Every structure is written in structure tokens, then in C-alpha cells.
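With chain A's structure known, arrange chain B on it following the hints.
Number of protein chains: 2
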Amino acid sequence: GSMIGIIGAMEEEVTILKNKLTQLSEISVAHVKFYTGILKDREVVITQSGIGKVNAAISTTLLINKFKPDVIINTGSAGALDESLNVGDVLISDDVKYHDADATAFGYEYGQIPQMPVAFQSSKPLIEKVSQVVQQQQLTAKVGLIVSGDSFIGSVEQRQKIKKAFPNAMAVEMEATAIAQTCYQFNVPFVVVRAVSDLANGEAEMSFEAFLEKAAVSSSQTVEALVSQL
Amino acid sequence: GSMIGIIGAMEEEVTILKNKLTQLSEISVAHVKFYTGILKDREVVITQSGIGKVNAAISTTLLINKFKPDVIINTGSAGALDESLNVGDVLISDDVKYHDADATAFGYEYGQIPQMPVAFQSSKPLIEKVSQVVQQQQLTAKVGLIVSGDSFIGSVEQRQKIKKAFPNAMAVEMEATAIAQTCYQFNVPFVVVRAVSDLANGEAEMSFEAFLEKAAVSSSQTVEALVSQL
Numbered sequence: 005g006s007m008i009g010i011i012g013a014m015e016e017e018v019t020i021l022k023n024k025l026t027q028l029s030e031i032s033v034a035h036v037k038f039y040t041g042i043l044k045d046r047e048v049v050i051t052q053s054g055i056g057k058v059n060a061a062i063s064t065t066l067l068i069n070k071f072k073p074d075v076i077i078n079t080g081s082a083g084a085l086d087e088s089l090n091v092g093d094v095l096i097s098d099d100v101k102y103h104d105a106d107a108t109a110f111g112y113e114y115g116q117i118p119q120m121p122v123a124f125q126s127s128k129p130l131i132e133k134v135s136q137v138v139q140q141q142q143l144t145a146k147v148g149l150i151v152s153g154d155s156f157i158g159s160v161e162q163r164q165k166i167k168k169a170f171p172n173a174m175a176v177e178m179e180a181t182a183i184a185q186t187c188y189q190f191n192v193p194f195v196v197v198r199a200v201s202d203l204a205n206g207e208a209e210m211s212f213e214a215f216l217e218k219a220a221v222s223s224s225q226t227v228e229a230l231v232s233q234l
Numbered sequence: 005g006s007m008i009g010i011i012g013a014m015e016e017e018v019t020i021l022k023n024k025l026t027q028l029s030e031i032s033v034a035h036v037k038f039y040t041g042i043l044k045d046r047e048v049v050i051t052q053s054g055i056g057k058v059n060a061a062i063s064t065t066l067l068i069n070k071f072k073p074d075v076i077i078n079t080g081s082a083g084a085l086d087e088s089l090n091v092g093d094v095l096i097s098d099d100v101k102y103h104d105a106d107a108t109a110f111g112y113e114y115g116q117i118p119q120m121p122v123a124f125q126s127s128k129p130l131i132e133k134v135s136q137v138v139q140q141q142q143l144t145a146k147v148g149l150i151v152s153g154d155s156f157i158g159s160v161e162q163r164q165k166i167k168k169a170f171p172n173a174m175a176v177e178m179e180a181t182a183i184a185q186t187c188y189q190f191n192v193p194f195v196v197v198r199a200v201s202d203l204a205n206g207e208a209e210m211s212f213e214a215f216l217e218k219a220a221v222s223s224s225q226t227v228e229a230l231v232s233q234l
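Chains as they are written, first to last, in the working numbering: chain A, 5 to 234; chain B, 5 to 234.
Pulled out of the complex, with its shape left as it was, chain A reads as follows:
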């Protein structure tokens, strides 16, 4: 309803949404940049976090405590694990989990942090709303499991290891599961809305330089239209 939080890692991933604001205004704390304004008639706070799990958890903790948002949306790029996906397609989270956490010496599941749940669940009412939006705009999309870690997956060897341990995973990136862990600790609803920049294989670095802009346009176009429904 009344206050919407929006979070992305890199300048290329937040610049499109920041230029659409009327009456923009800017605030600095430690390394984090916050932009307050009006978008499609609702009040929002846009946040630039930095890369990886620790930078995303510091930015999320400050967002919640300073601005008191009703929901949090994560935007940006990612790598495809499902063979039916192409560059540009939209990615909507159902559940999220770590591919690089191992406390099995103590009997926990592969991917699980000691004393926490196996996976974190995105908000049902937000999933339902955004699937209807992607139809109206005519943009190809898919709902599924996203996995996170502190590495860039850029080889066939790395990719094959992840698909054998988690056969239902659809895509891979560096912040979503850290932002979801933080929202669980404070009880705030959350969803991921990203798009494909690369296929996470021996071509991943050359694909990412060519297609980072294209994935930010797809992703930002869907988030703009969803805010106008909330």
C-alpha cells in the first residue's frame, strides 16, 4: 500500500527508475545511496546496495529501520540455468536458497544456515499481480526457484555442479537470498523481478558486457507497471 522500497546492486540497474521520478531527493549513509520521490502516483525509496551478500544485508537493515516500507521489490540482472530461457526474458521468484552454504557435518540439508529454514518464500499476492502484468505488456516470463552465492558462474564445470545438487533451480545471482533472509528476521513481504543477461557458461563474461543494458530495460519496465497497480 502506502510506502514502496526498491533495491538494485549497480548504477546501470537503478538509473532508469531514478530518471522517471518527479521531485527527486538524495541521502547518504556509509556506502549506501537512497533516492526519495513519486512514481506513477505512489511514494517510493530507491536503494543502490553494492555487490554480494554482506553489502545487500547492510543496505536492507537500514532501509527497513529508517523508512518503514510496507513491501520490498529486488530488480536487476541474472544467469539462466533452464535450457528453455533466452537473453531478455523476465524472472519472478517463488522460493530462494543458497548454493554455497555447507554445515552437513552436523546433519543439516545442503544449502541451509544452522538454525534457519531450508528456503525462504516470496509473497503470493505479489506473484499473482505481477504474472497478470507481464501478459498485458506482452513480455516472455517464468516463475521458479532462484539460488544465490558470493561467486560469478562463468564456466561449464561450475554450472554442471550447481544443476546436479539443485535440479529444480531456474537461474543464479549474488544478492536475492541475503535480502530475503533480512525480510524474514523483521517480518516484511518481499518479491524478486529480474531479467536474463547471460547463460552462465564459458561465454558468460562476453554475453554480460553485451546484454547488461537490455536486461535492465526489461526488468525496469515490469516494476514501473506493477507499482501503478499497488
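Honestly, the hints are just simulated from the structure, not real lab data.
Copies of the same chain look alike in the list, so a pair counts if it fits in one copy or across any two.
Calculated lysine-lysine pairs in the DSS-like style (CA-CA distance at most 27 angstroms, straight line):
(1) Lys72 - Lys37
(2) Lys44 - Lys24
(3) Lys37 - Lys70
(4) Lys22 - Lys37
(5) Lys218 - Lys146
Just chain B now, with coordinates in the frame of chain A:
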């Protein structure tokens, strides 16, 4: 000087120091527990974080913003990588870095987060003071590089891989480098004072059940004596 922050992961690692406080008092926020009181004549705030990088970064962010500490000390247990160390010995950090971060597809160093330094440095004046303390108490100790990750190292295969990539590393655990990254972002001085529970090999899980208590006694005895010098 006037306000000292103390942070440990598990109940076994904070219980000894909490029982030595006079006029104890307790406060709750999300999953985090804080205990305010007097220790050896100085005011302190004791923090129980939970396990791994995201839980340690949420607890550190709240500590700094709510309590305004002058310095932060990390206490608890860890696994030995150096062949000259035994169960019970004290571990003092010089620098700290990740063993599980890989963005080399973009030309960064092994262990480095994109856009951040290669390693984080502990406070010189705190290192000098604590080395003098460990002599007076007659407890065997060593100063060196500590490395962190979201896995428990409990096999010869895991251990050999870490020692080849980082040949000067002395020990391994799950929170110290996340707490150091947070203190760098806000400019607060920091040091690690832990002790050995296991040798990070095929016996690591059985050693940890036997010797967790012994490492918390060693570690807590050194932190009590350092606070009385500050």
C-alpha cells in the same frame, strides 16, 4: 575508551561474560539479543548474533547505530590451519579475508568482493595491548591471517584446497570477515580474540563436541583482562 561492543555467535560463547556483569539488563530486536551492564569498571554491550555472514552483518549494523561504540571485539571458537597449533591456544587477527568469494572472470583477485579491498586490517594499538596481556596470564597465543566462509571445514580434501590457495592463512571460521566489512563501511576500530576448538580435518566434528567449552574459557579469560586495560 568510553563504550565497548562485544560480539559472539552461539549461547555457549557469550554465557561466561554475561554472568560476570553487575546490574545486567536485556533488550530484543528481530532475532538479536543485547545485554547492557558493567564489567571490570567499564560500560559494555554484549551481542548474540547467530551463525554465518548475513546474521553477523544484521547484528553489527544495529549495534553501531543504536549504541555508538568506540571499539568492537569478536570472541568464540575456530579451526587450526597451522601445524604448530594445539586445542586451547589463543588466536589474535592481523588481517582477514574470504576463502569462498570468486569474481576472477572480471579480473579481480581470488577472495575479493567487486569494488572492495583485497583484505581488511585490524587496529594496531589493540593488537599491541592484547599481546602484552597474553604474556601476563601465561596462555600460549599467535598473531596472523584468519579466513571466513558459509561452510564448516570438516575433511582433509576441504582443508588442502584452502591451504594451496592461501598459503599464509593460520585458522578458519564463519563470521569475522563479515563483521570487519561492516566496521570498514562505518569507520569503527575492530579486533578478533578467539581460541582453537578442532584441527579442521576428518576428526573436526568429534573434536568440536569435546572441546567447545574449553575454547570459550580461554577466549573469555583474555577479553575480561583486556577490557580492564582500556
